[PDB]
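Given as structure tokens, the chain that follows is alone and in the form solved without this ligand.
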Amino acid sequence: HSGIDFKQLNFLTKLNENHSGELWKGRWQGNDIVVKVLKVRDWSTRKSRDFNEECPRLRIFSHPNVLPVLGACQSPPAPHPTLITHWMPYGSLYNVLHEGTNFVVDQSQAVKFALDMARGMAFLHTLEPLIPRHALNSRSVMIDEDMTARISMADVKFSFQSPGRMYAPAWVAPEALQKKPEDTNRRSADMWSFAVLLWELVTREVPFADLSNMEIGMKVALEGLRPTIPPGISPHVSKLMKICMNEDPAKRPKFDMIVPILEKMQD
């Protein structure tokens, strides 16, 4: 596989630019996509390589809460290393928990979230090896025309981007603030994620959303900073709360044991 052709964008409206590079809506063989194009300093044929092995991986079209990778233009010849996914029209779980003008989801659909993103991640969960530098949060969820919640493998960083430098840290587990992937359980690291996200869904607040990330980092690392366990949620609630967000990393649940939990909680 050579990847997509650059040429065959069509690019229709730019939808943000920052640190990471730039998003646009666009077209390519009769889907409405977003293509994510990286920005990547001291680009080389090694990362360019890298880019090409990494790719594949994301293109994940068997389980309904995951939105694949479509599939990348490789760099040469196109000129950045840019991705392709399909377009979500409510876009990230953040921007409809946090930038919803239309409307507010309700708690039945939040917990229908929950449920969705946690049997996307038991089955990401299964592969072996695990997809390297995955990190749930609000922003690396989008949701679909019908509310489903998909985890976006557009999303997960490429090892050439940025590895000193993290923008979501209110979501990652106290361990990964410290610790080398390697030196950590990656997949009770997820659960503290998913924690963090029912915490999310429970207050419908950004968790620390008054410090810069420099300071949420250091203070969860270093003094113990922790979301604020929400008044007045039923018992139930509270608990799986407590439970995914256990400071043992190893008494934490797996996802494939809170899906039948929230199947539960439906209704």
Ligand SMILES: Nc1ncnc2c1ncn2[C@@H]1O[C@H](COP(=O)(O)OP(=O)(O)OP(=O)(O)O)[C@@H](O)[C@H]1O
Contents of the next structure:
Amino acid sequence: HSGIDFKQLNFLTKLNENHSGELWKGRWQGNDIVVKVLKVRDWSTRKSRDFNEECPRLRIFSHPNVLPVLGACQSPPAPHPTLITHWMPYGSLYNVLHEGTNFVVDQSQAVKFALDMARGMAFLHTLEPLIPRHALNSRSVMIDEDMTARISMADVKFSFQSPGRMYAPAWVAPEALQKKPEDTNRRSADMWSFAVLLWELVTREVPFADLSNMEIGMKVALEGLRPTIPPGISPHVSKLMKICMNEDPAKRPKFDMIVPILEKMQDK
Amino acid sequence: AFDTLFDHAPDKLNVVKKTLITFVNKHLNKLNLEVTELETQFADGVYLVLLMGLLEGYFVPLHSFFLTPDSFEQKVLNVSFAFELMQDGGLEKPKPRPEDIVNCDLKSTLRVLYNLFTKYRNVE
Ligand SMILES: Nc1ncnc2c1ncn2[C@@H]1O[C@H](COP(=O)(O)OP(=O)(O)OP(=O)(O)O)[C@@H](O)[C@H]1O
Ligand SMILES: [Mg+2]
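Moving on from the form solved without this ligand, please list the structure of the form deposited with this ligand bound.
Up next: the whole complex, starting with the chain shown before.
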């Protein structure tokens, strides 16, 4: 596994630059791709080794609702630690729900998104050990050409990638804002995130949009800030949202238990 | 530059101070935390970490630092962690040693805060 050759990448257009580095649209070996270039202070042989051991786990080709990292460019010899994944025309779930200038997805499509993500996460929860530093939120799920929602493996943070900084705390379980991952049931923390995604699909609002990230984490962690359960939705949607966001991690369902509930919601 | 302002410009120095009170309260007030005293309230590292998240748009998980430090050591660690977040944001490594902040050296503290104020003037 020598990775992908950075010299084979055709960079077409820059999409973003942020705290993580940059994202480009491009092409590689007949694939339409994005190229994520990671910027890292005090890059070392140790971090480069870690990058090359962590990336292989993200290359998941066996589930329709998981979007694999296709491969990565090792650095050296690449200028920078780099990974690539397929280009998803609708972008992120976040883009589609909140930045959708063209059409508004209907609630039936919303339900199918929920089902897609539940299925992707039940799959990932079968992995042993779990993929480390994988956070479910609307920025880390992509929407493919046929509107299929897919968990973004290119959104898993690497061990050297902004440690101690959380840029999407609104979807994080209260215990996971405060405790080391080792000290948390990760599977239940992820179900909290799904509960917030349900809330987001119901409201078509960003959770805590009026609060900075630091405010969100501190108030959720220390002051009990919670999403307000939306008014007059079906009791069954309501009950599902409530059970998934149980204050008690041990009482939150598993993804594989909510999949059949969601299936019956498409068409009973 | 900042030395001349500290050592030789007290009428200016107090302008800057009252403003640093404005600035840091602009941000920390959001967390229901007030800074009244610049000489001591940043010594333990906690406000510097919190402030960095406020200024740079992230939350810092509570397990990543000591929210209620119980030693000189944990304070030095908090301050060092803050300086690291500063360099992540593109600041050059601060001149003061982390211990200078914990030891309440006023020049050291005001320098760090001043450099923050300058970089993050438009942040709301
Ligand atoms: N596979 C993809 N296909 C199409 N667009 C994508 C894909 N991945 C990401 N994007 C788009 O690029 C934009 C920027 O993504 P980028 O990864 O730079 O930022 P981010 O996901 O907010 O933060 P992070 O650096 O932590 O991953 C996303 O909002 C999305 O619109
Ligand atoms: Mg991303």
